[PDB]
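Quick one: the structure is below, questions incoming.
What follows is part of the complex, with its chains left where they were.
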Amino acid sequence: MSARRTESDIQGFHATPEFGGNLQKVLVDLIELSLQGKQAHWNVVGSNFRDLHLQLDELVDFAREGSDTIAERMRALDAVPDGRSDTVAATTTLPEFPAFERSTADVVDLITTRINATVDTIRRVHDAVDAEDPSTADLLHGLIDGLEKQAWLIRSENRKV
Amino acid sequence: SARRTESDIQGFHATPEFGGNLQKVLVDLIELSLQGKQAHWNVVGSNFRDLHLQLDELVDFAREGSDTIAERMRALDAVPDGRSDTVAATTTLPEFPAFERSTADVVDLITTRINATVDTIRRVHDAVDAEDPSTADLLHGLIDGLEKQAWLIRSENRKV
Amino acid sequence: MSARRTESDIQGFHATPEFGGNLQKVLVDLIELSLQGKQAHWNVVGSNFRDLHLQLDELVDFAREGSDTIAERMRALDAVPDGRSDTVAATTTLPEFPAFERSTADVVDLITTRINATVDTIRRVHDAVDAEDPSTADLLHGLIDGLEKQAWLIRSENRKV
C-alpha cells in the first residue's frame, strides 16, 4: 500500500450534451446509408449488374459495423443513442433515394453522392470531437478511411479516360 | 427426339396482390430489425449481458429473413421498397420508447413486437400459399425462427 | 399515413392438447430409436463391422437432433414435453432390442424394422399435425425424409440380387 490509492469510488469520463449530439448526427447518417445501400443493392439492373450488386453488399456491411461502434462508444461515455425509424427519417441529411429499377450508371452516381455527404458530416464533426476526446477522434479517422475507399471503388467504374 | 422448339420460354410472374402481401411482410421485418438494435443498445439492469446477446441474435435472424423475402420479390419480377420513409409510415409495429429501460420492460416490449410480426405473416400465408407454395415454404421458415426467438426471450419473466 | 397498432399485449399461437399428444408420440419414438441405435452400435460383430459401426453412429446423431427439434417446437407452442426414462420405457412402441452380441445381418434386419416403425408413426401423425399447423408439418417432412434415407443406406447391405 506504498503507492496504492485509498479512494473507494473512482468515476469515469462523461461526455457533454454537445458531444452527444455531435455523435448522434453521425449515427443517424450511418443508419440511413445502410438502408439506402440495401435498396440500391436490390433494385439495380443493366450492364455490369453483378459487380455493383456485390460491392453494395460490402458497403452495407461496413456501414452497419461502423454504426454499431459509434453507438457503443456513446453508451460507454454514458450517453443515450437514438436509432429509431421515425428519428432517422425525420433528421437524416442524405437526399432521398428514388424508387423503381435504376440502371447502373444512375446507381453509381447516386451512391457516390451519398457516400460523399456522409463523409462530409463526419469531417464537420471531427474538429470538436477531437478537441474533446482523441480516442473517439481515432474512431472517426477509421470511418473516414473506410468510406472513402468504398467511394473510390464504386465511382471508378463510370470514369471516362 | 423429344426436345422443345420454343426459344422464348417465359417464367412465372407475380400478381399485384402477391407483391402487396410480400411488401407487408418486408416492412415489418425491417422495422423489427431496427427496434431490436435499439433495445440491444439501451438495456440496463439484471441479466443485462444475456438480453444483450439474445437481441443481437434476433437482429441477425431478422436481417437474413428480410433479405430472403426481398430477393424472392425480385425473382418473381416485382419491385421491393425498403426506404426509411415508407417503413416509418407504413409499419404496424408499435413505437419503441426512447430512453434506458430495465430488462423486464424490454422483455415485455420485445415479446409484444415479435408477436405482431408473426401475426402479419400468419395473416398473409393463406393467399401466398394459394398462389405459390414455394414462397409459402419461406413463410414457414420465418414463422418457425421468430417463434423460437420469442420463446427464448419471453421465458425470463415466467412466474413459475 | 400511420398504421401502427395500439394493442400492447399481443398473444401468440397456442397448441391444443391433441397437438401436444401427437408430438409426444413422435418425441418418445425418436428417443427410443436413439437408445436402440447406440446399443446396436456397441454390440455388433462380424463381417462389415466397421461399416455398420459408423452408419449406426450417424443414425444416432440424426435421431438426437430430431428429438431436440421436436421438443423445442413443443416449448415454442407453449406445451410441456416429457422425455423421462420411465415414460419412454412404458410408452414407446418400438419392439425391444435383444441383449447380447448380434451378427451383422441380424442387426441390419432389426434396425430396418425399427426405423420403419418410427417413420410409420410420423406418417400417422402428419395428417392432423398439418391440418392444424403447416410450420410443424414442415419439420415432420424433414424427419421423414432423413430417416428414410438412413433406412435405405442401412438395409441396402443385405439385399441380394
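We just call them A, B and C in the order they show up, numbering each chain from 1.
Basically, a residue touches a chain if its C-beta (ideal position, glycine included) is under 8 Å from a C-beta of that chain, and two chains touch if they have at least 3 such contacts.
In this structure file the full complex is assembled from 12 copies of one chain, 3 of which are shown.
Please note the rule applied: only the chains that are shown with their structure count from here on.
Once subunit B is excluded, the chains joined through touch sort into A | C. The distance from the centre of subunit A to the centre of subunit B, with each centre set as the mean of the Cα atoms, comes to 24 Å. Separating the centre of subunit B from that of subunit C, both taken as means of CA atoms, is a distance of 30 Å. Each chain gets one centre point, the mean of its Cα atoms, and the points for subunit A and subunit C are 49 Å apart. Of all residues in subunit B, those touching subunit A in their complex are 30-31, 34-35, 37-38, 41-42, 67, 70-71, 74, 79-85, 87-88, 91, 95-96, 98-100. Those residues of subunit C that touch subunit B in the shared complex are 1-13, 72-73, 75-77, 134-135, 138-139. In the complex of the two chains, the subunit B residues touching subunit C come out as 89-95, 112, 115-116, 118-119, 122, 129, 136-137, 140-141, 143-144, 147-148, 150-151.
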